[PDB]
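Here you go, one structure.
As you look at this complex, bear in mind that one protein chain is not there, while each of the others sits in place.
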Amino acid sequence: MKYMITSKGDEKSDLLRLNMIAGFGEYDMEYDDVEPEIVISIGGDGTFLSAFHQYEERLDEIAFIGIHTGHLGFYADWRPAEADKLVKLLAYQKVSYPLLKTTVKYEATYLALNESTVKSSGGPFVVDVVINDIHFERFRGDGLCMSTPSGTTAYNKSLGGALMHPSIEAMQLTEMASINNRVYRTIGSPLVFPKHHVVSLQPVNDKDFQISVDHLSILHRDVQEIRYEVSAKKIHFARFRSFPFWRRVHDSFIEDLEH
Amino acid sequence: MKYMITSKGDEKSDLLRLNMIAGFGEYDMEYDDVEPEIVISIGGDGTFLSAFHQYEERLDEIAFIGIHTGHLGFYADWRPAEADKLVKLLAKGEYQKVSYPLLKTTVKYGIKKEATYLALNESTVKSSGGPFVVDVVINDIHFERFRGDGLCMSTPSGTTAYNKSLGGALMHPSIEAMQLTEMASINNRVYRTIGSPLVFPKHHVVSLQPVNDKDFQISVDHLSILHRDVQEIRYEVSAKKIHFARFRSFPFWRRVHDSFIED
Amino acid sequence: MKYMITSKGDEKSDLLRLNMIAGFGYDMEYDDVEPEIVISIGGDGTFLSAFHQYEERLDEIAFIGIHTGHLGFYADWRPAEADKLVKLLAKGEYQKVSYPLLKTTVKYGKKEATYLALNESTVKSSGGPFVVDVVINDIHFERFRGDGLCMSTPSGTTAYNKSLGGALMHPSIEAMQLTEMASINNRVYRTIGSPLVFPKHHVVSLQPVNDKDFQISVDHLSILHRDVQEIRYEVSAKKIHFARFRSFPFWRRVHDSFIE
Partner (left out) sequence: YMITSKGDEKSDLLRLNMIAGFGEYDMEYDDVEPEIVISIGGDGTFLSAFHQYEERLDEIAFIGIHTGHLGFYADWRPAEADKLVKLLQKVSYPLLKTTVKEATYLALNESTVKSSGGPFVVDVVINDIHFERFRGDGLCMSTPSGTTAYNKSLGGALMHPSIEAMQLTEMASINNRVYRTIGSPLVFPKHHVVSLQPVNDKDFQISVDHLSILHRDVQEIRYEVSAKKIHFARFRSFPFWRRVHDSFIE
């Protein structure tokens, strides 16, 4: 079938990449980096993110799989030692994760695998948080972070967000160093929104914001509204053994007694 | 239909109750506190909790409704002044029902039998004097070894209660999940915990297993009873749901906004 | 000089105790009534009991702690060093290090009771919601509603205070730290959220709103005080004295406990 492999750029990833293509050189597999059905990422989560955005137009036609050449990742969950076992077994069941739809208004749309953040471009960050066409709070601080379920283990976790299992179709809004005084009273707690819930970020003073989607920071000028909602689109993973989400959370933050 | 009303106990709630009973007494409504189809709580959220636990065996045949005689509650969403419009719409049967998820707490001893509990807000587990030390096993796999005050597993609707004060996230009740939060974790080299709140979906089981002490203080919606010789405490989203009678639209986030931001 | 030793209670501590006492058998006399050197064997909780056992002779006592289990913040010396400990103290070749303490004063409806804390002093309700007014230096600061409040010593910041999200303070700083316990921080009961660090001569007064019965704990000594009118917190003028031999930095001790 049709496949392609991306690389982090270093020698370890390039070497493992070519060796797998050679491995694919022992089965009925065709290399296509234009119309693939299987995209293989080699490196880290950041590499996996780049592979996701490289083919965010064919997510319905692509099953992703990740190998971490460095530390254990949440998307790159396969070890380099299992590269032989991978080409054999793929030549399987599919697992789908939710995505975050980001809409900007001046309309531009973005898909997030991890999260979408909004900060100021040269002053204090002051916006109104509107939930389902109804005003909720006025935020002032560094910024706001709307995270995907799979992305809760990333920037979200560092910002004090909760960890949600990816089978839950939702989004999580977390504060970034919010000034919580008498003028700008915010909820403080992270907020988890279900499907069809729209979180609208509307400017108060400055209308130019620094918006990043999976760390794709672009400075949007003359912004009228930033809308957040659970995308109807989903990323598909190729599953072979059972590597539970909580196990990956455990091995990353608690301990990994066999490595 | 068959209905009943519970009261907070003060004059305002008792007075409103009798007036509503008289109101239903002008339609095809029968007062039945044994097999009701509509349970109306008058007072606060704590009052609503008592009404829920009073009828936890008939949740599938009961639509709850709450009236707050004091401050706005998350379960008590009706003002006393709308009791008249309430009786009219309940007698006509002009309402749709909305369901919230619940938390099943299972305790296991050295088999004496086995006890199960349902929570609307949350279920907490603490020590009976000394330090609280348990192993957190997620779906038959060890996750962490906890040492501290205790742990708190919350329902989606219960996230606005104890969960929020403990640093938990707020989840919309339409989401079928449960949320585990730490209660003063020591989080050191020996007892390393995740720190972050954990949100578990359906069919996920959180098993708490004792390390030294086997006596735990278990609370379900603030009903703390001392269980001795505990072998296992299991948490999972119950298949049972509490049903609410909806008339107008009072959004959860609006209820959160009005409660914590400003009103 | 005169010394005495306390034990955690288990065999490891009791055996290590007798072996050390046997070591002193130097010009050292065992006196548990008027001791000059107090040796704690077990854990920090054991050290706390030894501290409160002789809180009336703190000016004439240099404390030292041995952890038979994991490393503690007061019991910071390992059991393998029990021989070296007895030797160095018998010559009297050691300097003294002092840590600040927390004075807790309760006022009723009767007299007034005072307590000394090495770690912290906490106040919770004795049934139901905990609602008090936090008054700083005779001036109202906030109205708290939740589980309780915790006023911590500098050395005690590494204890309960840290689990509650409090900051860690170096014990050389003469101060106290107030932390919240599950505040319902809403529109009616708006709290500061942040931990508050108070200097000397600053008085934090906790005054009841409705319920007047509170659970007051001093270094985990919980007693039910009835008819409470006021709970006062301030840095005590008294200090706990440690026997220093080598250099075991506070931050190094924090590192070994939480980082490693």
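Note that the chains are named A, B and C in the order they appear, and that numbering of residues resets to 1 at the start of each chain.
The working rule: a residue touches a chain if its C-beta (ideal position, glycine included) is under 8 Å from a C-beta of that chain, and two chains touch if they have at least 3 such contacts.
Checked against the hidden chain, the listed residues C:170, C:226 or C:244 yield one contact partner: C:170. Between the chain not shown and the residues A:177, A:216 or A:218, the one that touches is A:177. Residue-level contact of chain A with the missing chain is found at 71, 141-142, 155, 157-160, 176-183, 251-256. Within the complete assembly, residues 136-137, 139-142, 162, 165-170, 172-173, 175, 177, 190-199, 202, 249, 251-252, 254-255, 258-259 of chain C touch the chain that is not shown.
The definition used in the following text is that only the chains that are shown with their structure count from here on.
Note: centroid distance chain A to chain C, computed from Cα atoms, is 46 Å. Each chain gets a centre from the mean of its Cα atoms; for chain A and chain B, those two points are 33 Å apart. In this assembly, the C-alpha centroid of chain B lies 37 Å from the C-alpha centroid of chain C. Multi-chain contact residues of chain B, defined as those touching 2 or more other chains: 164, 167, 260-262.
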